[PDB]
Amino acid sequence: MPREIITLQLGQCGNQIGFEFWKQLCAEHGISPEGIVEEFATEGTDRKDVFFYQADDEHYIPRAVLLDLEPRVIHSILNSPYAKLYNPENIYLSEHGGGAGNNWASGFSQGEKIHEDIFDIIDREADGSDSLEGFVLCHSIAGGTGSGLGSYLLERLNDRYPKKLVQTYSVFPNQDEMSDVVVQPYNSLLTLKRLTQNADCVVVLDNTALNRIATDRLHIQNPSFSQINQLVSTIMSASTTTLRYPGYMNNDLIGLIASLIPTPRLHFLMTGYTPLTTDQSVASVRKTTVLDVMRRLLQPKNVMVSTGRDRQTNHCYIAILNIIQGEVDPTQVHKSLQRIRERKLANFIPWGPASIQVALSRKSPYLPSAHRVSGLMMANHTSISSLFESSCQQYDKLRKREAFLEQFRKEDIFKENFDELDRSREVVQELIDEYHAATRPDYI
Amino acid sequence: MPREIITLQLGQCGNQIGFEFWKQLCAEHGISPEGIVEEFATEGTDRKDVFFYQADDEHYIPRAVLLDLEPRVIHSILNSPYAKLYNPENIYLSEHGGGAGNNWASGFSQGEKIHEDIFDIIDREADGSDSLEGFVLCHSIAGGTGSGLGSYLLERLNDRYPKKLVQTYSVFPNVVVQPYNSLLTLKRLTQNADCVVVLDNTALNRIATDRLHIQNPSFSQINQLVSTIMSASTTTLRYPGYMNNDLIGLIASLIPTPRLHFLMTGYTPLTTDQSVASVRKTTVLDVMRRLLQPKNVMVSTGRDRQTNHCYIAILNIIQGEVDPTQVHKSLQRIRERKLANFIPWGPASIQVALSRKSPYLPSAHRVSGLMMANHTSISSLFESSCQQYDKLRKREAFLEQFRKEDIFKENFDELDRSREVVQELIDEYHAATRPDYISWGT
Amino acid sequence: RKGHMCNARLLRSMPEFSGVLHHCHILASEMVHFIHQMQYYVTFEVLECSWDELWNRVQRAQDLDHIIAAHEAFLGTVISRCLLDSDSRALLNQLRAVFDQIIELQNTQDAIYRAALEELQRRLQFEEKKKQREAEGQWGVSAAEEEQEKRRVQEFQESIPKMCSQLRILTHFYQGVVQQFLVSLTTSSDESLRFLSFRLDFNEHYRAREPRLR
Numbered sequence: 001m002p003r004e005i006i007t008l009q010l011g012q013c014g015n016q017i018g019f020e021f022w023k024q025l026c027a028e029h030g031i032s033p034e035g036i037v038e039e040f041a042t043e044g045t046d047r048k049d050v051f052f053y054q055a056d057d058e059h060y061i062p063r064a065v066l067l068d069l070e071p072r073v074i075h076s077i078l079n080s081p082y083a084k085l086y087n088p089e090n091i092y093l094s095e096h097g098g099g100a101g102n103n104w105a106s107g108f109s110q111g112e113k114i115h116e117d118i119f120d121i122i123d124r125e126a127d128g129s130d131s132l133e134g135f136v137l138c139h140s141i142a143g144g145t146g147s148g149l150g151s152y153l154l155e156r157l158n159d160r161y162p163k164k165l166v167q168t169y170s171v172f173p174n175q176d177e178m179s180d181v182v183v184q185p186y187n188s189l190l191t192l193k194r195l196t197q198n199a200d201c202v203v204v205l206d207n208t209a210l211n212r213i214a215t216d217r218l219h220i221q222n223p224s225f226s227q228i229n230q231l232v233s234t235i236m237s238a239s240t241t242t243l244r245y246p247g248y249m250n251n252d253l254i255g256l257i258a259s260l261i262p263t264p265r266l267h268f269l270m271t272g273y274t275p276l277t278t279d280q281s282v283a284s285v286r287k288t289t290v291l292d293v294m295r296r297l298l299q300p301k302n303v304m305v306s307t308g309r310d311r312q313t314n315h316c317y318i319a320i321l322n323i324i325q326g327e328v329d330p331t332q333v334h335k336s337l338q339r340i341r342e343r344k345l346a347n348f349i350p351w352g353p354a355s356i357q358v359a360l361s362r363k364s365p366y367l368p369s370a371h372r373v374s375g376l377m378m379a380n381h382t383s384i385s386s387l388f389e390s391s392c393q394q395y396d397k398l399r400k401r402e403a404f405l406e407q408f409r410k411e412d413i414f415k416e417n418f419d420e421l422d423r424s425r426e427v428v429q430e431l432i433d434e435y436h437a438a439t440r441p442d443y444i
Numbered sequence: 001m002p003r004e005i006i007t008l009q010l011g012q013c014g015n016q017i018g019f020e021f022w023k024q025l026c027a028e029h030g031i032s033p034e035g036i037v038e039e040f041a042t043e044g045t046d047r048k049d050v051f052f053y054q055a056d057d058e059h060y061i062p063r064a065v066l067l068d069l070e071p072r073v074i075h076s077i078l079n080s081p082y083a084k085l086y087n088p089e090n091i092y093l094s095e096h097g098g099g100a101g102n103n104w105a106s107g108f109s110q111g112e113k114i115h116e117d118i119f120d121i122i123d124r125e126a127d128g129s130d131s132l133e134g135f136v137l138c139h140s141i142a143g144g145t146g147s148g149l150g151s152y153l154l155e156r157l158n159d160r161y162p163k164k165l166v167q168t169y170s171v172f173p174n181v182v183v184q185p186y187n188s189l190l191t192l193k194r195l196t197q198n199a200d201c202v203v204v205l206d207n208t209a210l211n212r213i214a215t216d217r218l219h220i221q222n223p224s225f226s227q228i229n230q231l232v233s234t235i236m237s238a239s240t241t242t243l244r245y246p247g248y249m250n251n252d253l254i255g256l257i258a259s260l261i262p263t264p265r266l267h268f269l270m271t272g273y274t275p276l277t278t279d280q281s282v283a284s285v286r287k288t289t290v291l292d293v294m295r296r297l298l299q300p301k302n303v304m305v306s307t308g309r310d311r312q313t314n315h316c317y318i319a320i321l322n323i324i325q326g327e328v329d330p331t332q333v334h335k336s337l338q339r340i341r342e343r344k345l346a347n348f349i350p351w352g353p354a355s356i357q358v359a360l361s362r363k364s365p366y367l368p369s370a371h372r373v374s375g376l377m378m379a380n381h382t383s384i385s386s387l388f389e390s391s392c393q394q395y396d397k398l399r400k401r402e403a404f405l406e407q408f409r410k411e412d413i414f415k416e417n418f419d420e421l422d423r424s425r426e427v428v429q430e431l432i433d434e435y436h437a438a439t440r441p442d443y444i445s446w447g448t
Numbered sequence: 684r685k686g687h688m689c690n691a692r693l694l695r696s697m698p699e700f701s702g703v704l705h706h707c708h709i710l711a712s713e714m715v716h717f718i719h720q721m722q723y724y725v726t727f728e729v730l731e732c733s734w735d736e737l738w739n740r741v742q743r744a745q746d747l748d749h750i751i752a753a754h755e756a757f758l759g760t761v762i763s764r765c766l767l768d769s770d771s772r773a774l775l776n777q778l779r780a781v782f783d784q785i786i787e788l789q790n791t792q793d794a795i796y797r798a799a800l801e802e803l804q805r806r807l808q809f810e811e812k813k814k815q816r817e818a819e820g821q822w823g824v825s826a827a828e829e830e831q832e833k834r835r836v837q838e839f840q841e842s843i844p845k846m847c848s849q850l851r852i853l854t855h856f857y858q859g860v861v862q863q864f865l866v867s868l869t870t871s872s873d874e875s876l877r878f879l880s881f882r883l884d885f886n887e888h889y890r891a892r893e894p895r896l897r
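From first to last, the protein sequence lines are chains a, b and B. Just so you know, PDB author numbering puts 383 at position 383 of the first sequence, and the rest follows in order with no gaps. With PDB author numbering applied, the second sequence covers 1 to 174, 181 to 448. Heads up: take any position in the third sequence, counting from 1, add 683, and you land on PDB author numbering.
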């Protein structure tokens, strides 16, 4: 049965992630930007019902609701080639293009104020999807709508669909880079709290890591927010390749969440891409072994998560899932598991179930893969506890020094005090402590 | 024997809709703009005398009367390419160029002034009709001619043709006396029409804009959508089938109670021909699921969360290549999924009839679905009409204009009793959604 | 159905012609609204499908024997929705009991309309003599005519109860008495008959009363 996902885009970064993911899904399923299925995808093996909702025009339309309080991202999404690919009725655009002002409290207020409109789009997508599994919230942890509206959207999806998985593509702020929002620390903390409480699983997409990985591994000088959104789209297309092309294992989001999240609360996932190189980096007659792919993904130059290289937090993978796109030999997958276990190519959490699965699945036929073996890494590592600690410390620095506290206290969430930011930092700290415990034998 | 239908068009919008419907019927039976049946539709199995009066010059003369108290609309209707197609003896234009003036009272006064003329046209259409099922009056409850003339025509038709079905096509406005007129037209439909089909302009425009992608809809597109829905509902009468070839059966199916005559309409696919359904066979099940979606209804009936709107009865006439087995599967799946919520005054009435679209009228969908459903959600639209009428009557808004006319000359009592009738209809429709409508009259 | 909605107004001027009109209207409305879905169900069980089945069966005949079965298959397709088998004669007789009840309600509505017209004739038949006598210069009310009119009005008010009770039984029965046939219809093994059981609708006394309908 198809399992549609309601892609909720909040903030500029979230709208870019959602639009790029929709474009990547249309390309991989062979759906043209007008939604009219591309001529090469009529016989496509893509489970278009599974990934995209079939509109009245039969356009392969992902159940995507783009809700942003700033009109710039909404206009760019509506101006993308894929405008007719997705259903227009699920895109709610706030005429007040003022945004949340990089304040998570203001973002949550905006999400709740557009809760009727956004919850309407979410429920419309659920009714328009045969077996809508849950909602995927692409937003920015440092933005106001992305962090705040991301929290509001995650909470709204959890309340309307408590039995539906709430996955978040939360753009974590640069903990090593001075955020332009002094209240961006509070916004990041609130987005992390939303990920921990109103979201079932949070994929932290640290823009500092995006720039670092693009510059060092992909040789992309200064990755832009557009570049981060494009990378997110490529990673999403890699993760949904097995969604469009039906495989034998990990056929649903709930199954992937179970295989990657031994702790129901500690579902915050760090990201990595393997091989991490520019498309111009043609692996010269290099038969990428499954073990070689595992080593390259485990290489920090290939991880797309800005996890502070904190020697205090013993980063270890709670669960490791290697999503391989292309022609991958299943026997080579078993050999890769053996070689990675022997060479310790991946460090696992000491207090989580050992999950090293080698599953062979096909990519979307409409999505051409330049590398015979492409790799997307979703790993639950305690280094995310380092990134969460950096975010929490930044949030504490903003709350304690009243950095952008005028903007934070201007919203009802922090009207009395920076309670929303403080509870957010507390939730982030608790998650970081639990993740460090998970890498430690004492988590259980 | 042919089973004709007498169509009375009141007001400018009604006359335009009548001209469009006559052209649609002509295209369905393959009748040219002069009414002459096309060579490809001469040997049709359609009973064209059922929809249009058959002129001996091989012209399908629609048994329609185009009535407009303003010469502009009447002249445009008689200047249309269907001027020779429509019989001129059935078209009456009020020489009194004052019109009904968007007042139900003035419309009723004008209708009383031309009561003999309308009854004469109805009788002439019956004479030109073989086995006429009844008369359908198309008018706007907020317009002057539509509301007042609808009431006058309904009273005259109830007096002259009680054994013929009384179909009313209420075209809701998208006039300060518009609320009193709405009450008056609601009273007229509830008192002299055996079945009233609500065509709300707000929801019709919303559906047209959502599917046809038309911004700021004009009356023409709403009239075209109404004509398409009517042709899909009349495909059984136009093409002599095996069952439901008469409007009486549909009226009994949707309004077994004459008072709960509020029939809502649905069209599938509700998308422009430009809206390209990519290799999507609009199956009976797909069309049913789209109709189960309230977004495809072209009637602005209040979706009250407090009132559990439910379909008292639903009959889907699928015109085109629609499989009867797929239709039965779609009906069963809609009943099981409760895509249509039904009243306790009668169990889940969801009927699926596989019908053929007229061969001379091109049908882009292999299986399309037109729904004539009596649902309690229309009771919210009745509540809205009653509220508008009360808003005008309580302050007598444009009650002065009706006071110039007989219906409100003494006071705004015609609009007040009319709004009372609309409220009573809303309450009755809610009872029809309730289990007690069987014993409500008991 | 149209008469139950219309002919009540033939003599909808006497309270004696109220219970009969309303109750018989309830009966007719329930039966017709229930049969509205049954019309399409019959139009598709063996009507819409059997013709195409016959066309397909004849579509492969390439011999006299090959064409022999082409029409026999259409015969079976059409005959399937008639329950004409002696074993199926239980459900067939139940359905014919439904048809008999529809015929009986037709006769009841005919009686109701006769009461609405013949009994409405007395209210105006006697007005001719008085109308002419007024012009002729006569005065007073004829005792024989007044007493005859009083007897006719009393008959129209008291014997209308026979119509009222018959129509009340009809109002109850159109959705209730259908249960003897519906016992078999509720056990619809055929998916088409199960669809009829899923849309055994618009009764006003079957879903509320008959357990299978609600």
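Among the hints, erroneous ones may be present.
Unchecked claim - Calculated pairs, EDC-like style, for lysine to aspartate or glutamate (alpha carbon to alpha carbon, straight line, at most 16 Å): (1) a:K113 x a:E155; (2) b:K287 x a:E327; (3) b:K301 x a:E38; (4) a:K84 x b:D159; (5) a:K84 x a:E43; (6) b:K344 x a:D176; (7) a:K287 x a:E327.
Calculated directly from the structure, the hints in this document are not laboratory data.
Which numbered hints are broken by the structure, listed smallest first? 2, 3, 4, 5 and 6
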